[PDB]
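Engineer: So you can see what is in the structure, the chains are spelled out below.
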Amino acid sequence: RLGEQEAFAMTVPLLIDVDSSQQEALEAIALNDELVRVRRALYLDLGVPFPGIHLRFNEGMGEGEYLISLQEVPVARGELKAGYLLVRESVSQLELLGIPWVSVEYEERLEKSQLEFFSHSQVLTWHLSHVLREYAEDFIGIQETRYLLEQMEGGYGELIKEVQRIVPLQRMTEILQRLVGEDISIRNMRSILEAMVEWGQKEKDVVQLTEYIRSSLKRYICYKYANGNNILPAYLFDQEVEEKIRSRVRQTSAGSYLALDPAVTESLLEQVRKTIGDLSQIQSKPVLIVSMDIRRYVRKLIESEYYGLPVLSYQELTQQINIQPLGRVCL
Amino acid sequence: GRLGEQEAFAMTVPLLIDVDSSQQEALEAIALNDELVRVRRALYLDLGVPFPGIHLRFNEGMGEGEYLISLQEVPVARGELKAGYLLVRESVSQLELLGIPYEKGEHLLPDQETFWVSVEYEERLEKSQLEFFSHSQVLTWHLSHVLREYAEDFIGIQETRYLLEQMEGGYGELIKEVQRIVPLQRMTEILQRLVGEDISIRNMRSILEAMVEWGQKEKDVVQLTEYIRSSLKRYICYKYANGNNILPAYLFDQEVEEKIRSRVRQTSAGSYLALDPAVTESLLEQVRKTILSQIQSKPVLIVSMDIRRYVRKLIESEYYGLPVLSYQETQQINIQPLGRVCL
Amino acid sequence: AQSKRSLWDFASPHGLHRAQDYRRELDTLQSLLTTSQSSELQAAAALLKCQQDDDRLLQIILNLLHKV
Amino acid sequence: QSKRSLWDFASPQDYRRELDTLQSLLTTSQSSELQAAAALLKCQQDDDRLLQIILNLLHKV
Amino acid sequence: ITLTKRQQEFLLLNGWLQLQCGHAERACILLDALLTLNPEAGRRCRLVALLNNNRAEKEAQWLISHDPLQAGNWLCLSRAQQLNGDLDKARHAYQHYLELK
Amino acid sequence: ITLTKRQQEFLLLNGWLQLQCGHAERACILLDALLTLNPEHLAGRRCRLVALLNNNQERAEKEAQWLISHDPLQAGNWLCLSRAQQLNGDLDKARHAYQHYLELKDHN
Numbered sequence: 360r361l362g363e364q365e366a367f368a369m370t371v372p373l374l375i376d377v378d379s380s381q382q383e384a385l386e387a388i389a390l391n392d393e394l395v396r397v398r399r400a401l402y403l404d405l406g407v408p409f410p411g412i413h414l415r416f417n418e419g420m421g422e423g424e425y426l427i428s429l430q431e432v433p434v435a436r437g438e439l440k441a442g443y444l445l446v447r448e449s450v451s452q453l454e455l456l457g458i459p474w475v476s477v478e479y480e481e482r483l484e485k486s487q488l489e490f491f492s493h494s495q496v497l498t499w500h501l502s503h504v505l506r507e508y509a510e511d512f513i514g515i516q517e518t519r520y521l522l523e524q525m526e527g528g529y530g531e532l533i534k535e536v537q538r539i540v541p542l543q544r545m546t547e548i549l550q551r552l553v554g555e556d557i558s559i560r561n562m563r564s565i566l567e568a569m570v571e572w573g574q575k576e577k578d579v580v581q582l583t584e585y586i587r588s589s590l591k592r593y594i595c596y597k598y599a600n601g602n603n604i605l606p607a608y609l610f611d612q613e614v615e616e617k618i619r620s621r622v623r624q625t626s627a628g629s630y631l632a633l634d635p636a637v638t639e640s641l642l643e644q645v646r647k648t649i650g651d652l653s654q655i656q657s658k659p660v661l662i663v664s665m666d667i668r669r670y671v672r673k674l675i676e677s678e679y680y681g682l683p684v685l686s687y688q689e690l691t692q693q694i695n696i697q698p699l700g701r702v703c704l
Numbered sequence: 359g360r361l362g363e364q365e366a367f368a369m370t371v372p373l374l375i376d377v378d379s380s381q382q383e384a385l386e387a388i389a390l391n392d393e394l395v396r397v398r399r400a401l402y403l404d405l406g407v408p409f410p411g412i413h414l415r416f417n418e419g420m421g422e423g424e425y426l427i428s429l430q431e432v433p434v435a436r437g438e439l440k441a442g443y444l445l446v447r448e449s450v451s452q453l454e455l456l457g458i459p460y461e462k463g464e465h466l467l468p469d470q471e472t473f474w475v476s477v478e479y480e481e482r483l484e485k486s487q488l489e490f491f492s493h494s495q496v497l498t499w500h501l502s503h504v505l506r507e508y509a510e511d512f513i514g515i516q517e518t519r520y521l522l523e524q525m526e527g528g529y530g531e532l533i534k535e536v537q538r539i540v541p542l543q544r545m546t547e548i549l550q551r552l553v554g555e556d557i558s559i560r561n562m563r564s565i566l567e568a569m570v571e572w573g574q575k576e577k578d579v580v581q582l583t584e585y586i587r588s589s590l591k592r593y594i595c596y597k598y599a600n601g602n603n604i605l606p607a608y609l610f611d612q613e614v615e616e617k618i619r620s621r622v623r624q625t626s627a628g629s630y631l632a633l634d635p636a637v638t639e640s641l642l643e644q645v646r647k648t649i652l653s654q655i656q657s658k659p660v661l662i663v664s665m666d667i668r669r670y671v672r673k674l675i676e677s678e679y680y681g682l683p684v685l686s687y688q689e691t692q693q694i695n696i697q698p699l700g701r702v703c704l
Numbered sequence: 051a052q053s054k055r056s057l058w059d060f061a062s063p068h069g070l071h072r073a074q075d076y077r078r079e080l081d082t083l084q085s086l087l088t089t090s091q092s093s094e095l096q097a098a099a100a101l102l103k104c105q106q107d108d109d110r111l112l113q114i115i116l117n118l119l120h121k122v
Numbered sequence: 052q053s054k055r056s057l058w059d060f061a062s063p074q075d076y077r078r079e080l081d082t083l084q085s086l087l088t089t090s091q092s093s094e095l096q097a098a099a100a101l102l103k104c105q106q107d108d109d110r111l112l113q114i115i116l117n118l119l120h121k122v
Numbered sequence: 003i004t005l006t007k008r009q010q011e012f013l014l015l016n017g018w019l020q021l022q023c024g025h026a027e028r029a030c031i032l033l034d035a036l037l038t039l040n041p042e045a046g047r048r049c050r051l052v053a054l055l056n057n058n062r063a064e065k066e067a068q069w070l071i072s073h074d075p076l077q078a079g080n081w082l083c084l085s086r087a088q089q090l091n092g093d094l095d096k097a098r099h100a101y102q103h104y105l106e107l108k
Numbered sequence: 003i004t005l006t007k008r009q010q011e012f013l014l015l016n017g018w019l020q021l022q023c024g025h026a027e028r029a030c031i032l033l034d035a036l037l038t039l040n041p042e043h044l045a046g047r048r049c050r051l052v053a054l055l056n057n058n059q061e062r063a064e065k066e067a068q069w070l071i072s073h074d075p076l077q078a079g080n081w082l083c084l085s086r087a088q089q090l091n092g093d094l095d096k097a098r099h100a101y102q103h104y105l106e107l108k109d110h111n
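Residue numbers (the deposited numbering), protein chains in the order written: chain BA, 360 to 459, 474 to 704; chain CA, 359 to 649, 652 to 689, 691 to 704; chain CB, 51 to 63, 68 to 122; chain DB, 52 to 63, 74 to 122; chain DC, 3 to 42, 45 to 58, 62 to 108; chain CC, 3 to 59, 61 to 111.
Hints in this document: simulated from the structure, not taken from any laboratory. Treat the hints loosely; a few may be bogus.
To be verified - Here chain DB is said to cover these stretches of chain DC; the calculated rule only asks that three of the stretch's residues, wherever they fall, bring their Cβ under 8 Å from a Cβ of chain DB:
| hint | stretch |
| --- | --- |
| 1 | 10 to 24 |
| 2 | 87 to 99 |
What the hints assert, rightly or not - Chain CB residues, not near chain BA, derived (Cβ > 10 Å throughout):
| hint | residue |
| --- | --- |
| 3 | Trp-58 |
| 4 | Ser-90 |
| 5 | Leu-101 |
Note that beta-carbon positions come from the ideal geometry of N, C-alpha and C, so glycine has one too.
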């Protein structure tokens with residue numbers, strides 16, 4: 360009544376706004392259980408404490424417009440042409456021309486051909502999972518790290534008390550964010566905390582400390598990136614390229630960014646593109662392996678184009694691994 | 359109250375709206391008391407500034423159609439327009455209005471082109487679907503404009519402390535860390551600078567996280583607030599990139615950026631950008647030659665971060681519309698270069 | 051007001071990913087129009103070269119900064 | 052009412078643009094009254110040029 | 003020489019401000035230019053300017072004998088004649104203004 | 003020297019973006035090149051008409068005549084003509100065209 364100050368309210372962390380024409384038509388499908396199931400699966404795979412998901416049905420928009428917004432800012436705006444009937448296919452190719474989004478009458482005969490069938494819940498949860506995986510860094514704050522530490526007080530009290538006295542909350546949260554940015558799971562917190570204790574007294578730079586913590590997860594990285602039997606596809610770098618990259622580390626007060634020369638990075642990226650070769654035709658998830666001291670510097674060099682190809686450190690590799698060099702990036 | 363009482367001190371009201379009489383009971387029909395809170399709440403949700411309470415008074419001393427909005431008992435927006443008697447107004451009047459020319463007249467300058475038509479013409483003019491601002495609509499529009507252009511005066515130490523205390527239950531350790539890293543004065547100044555660029559405070563979590571991350575490294579207010587702006591990459595991108603990946607740009611040449619940076623003058627805080635009146639005149643002339653208000657996407661100027669604010673105050677005098685952005689401020694954006702500001 | 055919005059909606063077309075497609079189409083169009091002899095295509099080609107190099111400059115600026 | 056009634060009897074950003082047009086119009090003039098008006102306008106035109114220089118020098122950022 | 007009301011309003015406002023800020027000479031020259039160009045508001049301003057400067064009676068005669076729609080035309084005359092030295096006739100003019108009120 | 007449909011779409015999008023950023027003349031140049039190469043589609047003409055209206059150019064009447072003689076089923080084709088006629092001084096004809104547009108919108 361023009362006497363209240365502002366009635367402050369905090370922004371919702373995660374919001375999903377779908378049309379009002381599936382409020383009760385898309386109810387029996389159990390989307391409110393599928394969302395928690397996929398969130399739990401993603402947490403078990405990664406360990407990031409994702410927030411609660413608010414689902415609202417808005418009649419302002421029409422058709423099957425769905426939007427996923429992080430902190431009231433839309434990050435994934437999709438339109439479901441699948442609203443009426445049209446179930447979709449994810450691996451549609453020229454082969455589909457031989458046997459031709475599809476209607477539900479074609480669903481039986483296409484599932485006899487056993488293709489990928491994403492329903493409304495499945496496509497929505499796929500988009501949600503992609504958003505959570507590519508935006509997990511925004512779900513790790515100081516509050517989240519403090520909650521994680523308080524949850525493990527009963528388990529490892531002295532370990533937490535020591536790691537808190539060794540490194541501050543800000544550095545620890547930044548380390549966790551950098552770890553998650555490379556799809557490295559936080560779930561195994563014991564080894565991460567032990568590495569934090571062991572290496573936090575020696576290194577103060579965030580990059581080197583997080584590289585050491587990555588190297589503390591040798592077997593996890595090996596299992597995650599090598600589905601075979603100790604066979605790891607590699608695209609190892611030549612010594613000359615590594616030295617050229619390292620020559621411009623530029624470790625300033627805020628950020629050790631490696632800006633060398635735009636032409637030099639263009640030439641190196643051209644050499645990498647010539648070497649790695651194909652992109653979509655390649656399977657088995659090849660990984661780039663380079664010297665540890667520049668690993669992140671290499672990753673951010675190729676993150677623009679090759680968001681897939683991971684970058685690994687020599688220290689991150691445990692023994693008893695048959696590293697097969699697919700090709701050296703020459704100069 | 360006698361001649362022995364000292365003064366009976368009373369604090370000035372923060373926000374006051376004084377409207378003429380003969381509309382105490384002739385008006386107030388529609389809302390007049392719910393529309394105001396609605397628009398204030400909406401503007402807060404858009405921005406996050408804790409706007410104060412609204413004091414509404416009917417004064418018979420003035421004429422019949424004069425309303426004034428005053429901040430802290432100082433008038434900031436006056437206007438002798440209660441739609442005349444009932445003559446609703448048009449906001450986008452032009453030769454388009456002469457296409458169907460009902461009787462019109464000009465008045466005080468509230469903003470853009472404005473003309474007034476009677477209520478008998480209202481039906482046929484709304485058949486043309488033109489904009490129809492009623493008394494409530496024009497009053498709330500002026501209130502919203504005042505709040506938007508003067509929001510920096512609504513962010514004090516008390517307001518920021520209230521915001522922090524309201525979020526204590528939610529993020530306690532984050533608030534304690536941001537308190538131990540930066541003081542209240544710097545935090546409030548940063549919030550004021552953010553709001554001065556139409557950047558919403560609403561998302562306080564990321565602001566506090568950026569404050570924690572960068573408050574230990576930078577002590578200058580300009581650099582710290584630039585880093586906090588860069589911490590809102592996706593918010594800025596969604597706010598300005600209206601289409602899928604469309605970001606209009608008026609990028610600066612390297613020579614012009616170097617010339618601007620050559621006179622940062624970080625002597626006694628403030629960091630004022632004084633190069634030379636002739637040099638700034640020439641640069642403004644070049645910008646005018648390169649860069652009209654007949655646009656719809658709100659193009660934004662993009663320049664190097666370290667001088668972004670210094671550039672903004674350079675063009676705020678003429679191009680108050682055109683925002684200025686930093687390169688650090691997200692990816693997957695198709696920056697469309699409309700033209701280089703040459704030297 | 052409404053008429054101006056109707057004008058902009060009438061001019062409006068819209069689903070293309072753009073990004074890489076923009077730079078590829080730019081290079082193809084600039085090399086197609088360079089061969090031309092018409093005046094209108096000459097102005098179009100010069101405009102495309104202008105945008106091709108302002109974009110090359112912004113790619114260089116993004117490559118030059120980077121904040122690991 | 053006093054002198055206020057006298058003042059009421061006397062009583063009724075394109076300013077710089079009208080100023081420049083009027084100053085160039087009156088510069089062509091030849092009559093004495095228009096010459097005095099033109100000199101007054103040039104005076105104010107240059108006091109304003111001085112204030113534009115002061116505003117350019119005065120910045121806070 | 004020809005102009006429109008657009009510039010005439012700029013001149014009127016400048017003359018009014020200069021007169022209200024004790025100059026009166028600048029207002030006098032500006033209003034002389036205005037009247038020499040457009041002889042058809046400015047007349048009242050220049051009448052008050054001449055009253056505060058101190062000729063005023065001759066200009067006041069035009070307004071009194073050709074624009075009898077304003078009751079203020081009898082205050083200025085009074086002031087003008089009080090500058091000329093006719094107090095009794097000034098009182099008569101004040102009485103005329105009261106009658107027209 | 004024909005254009006690909008991809009290229010025609012690139013030109014259409016660039017013209018729309020230039021119109022969306024006020025550079026009416028730049029959009030006009032792009033859309034004029036597109037129509038001089040492929041005149042088949044009128045969407046480029048459809049937006050260059052509004053671009054010319056914002057550019058203050061009789062040419063708009065000719066383009067509106069083309070749109071009316073080839074796609075007379077859109078009421079929007081009667082706003083541009085109206086604007087052109089109100090820009091060219093024929094206010095009465097602009098009034099008539101606006102009334103015709105209102106009648107066609109009521110029909111639609």
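Engineer: Hint by hint, say whether it matches the structure.
Structural biologist: Structure-based check of all given hints:
{"no.": "1", "hint": "10 to 24", "result": "holds (count 7)"}
{"no.": "2", "hint": "87 to 99", "result": "violated (count 0)"}
{"no.": "3", "hint": "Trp-58", "result": "holds, 21 Å"}
{"no.": "4", "hint": "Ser-90", "result": "holds, 30 Å"}
{"no.": "5", "hint": "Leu-101", "result": "holds, 25 Å"}
When each numbered hint is compared with the structure, a violation occurs for hint 2 only.
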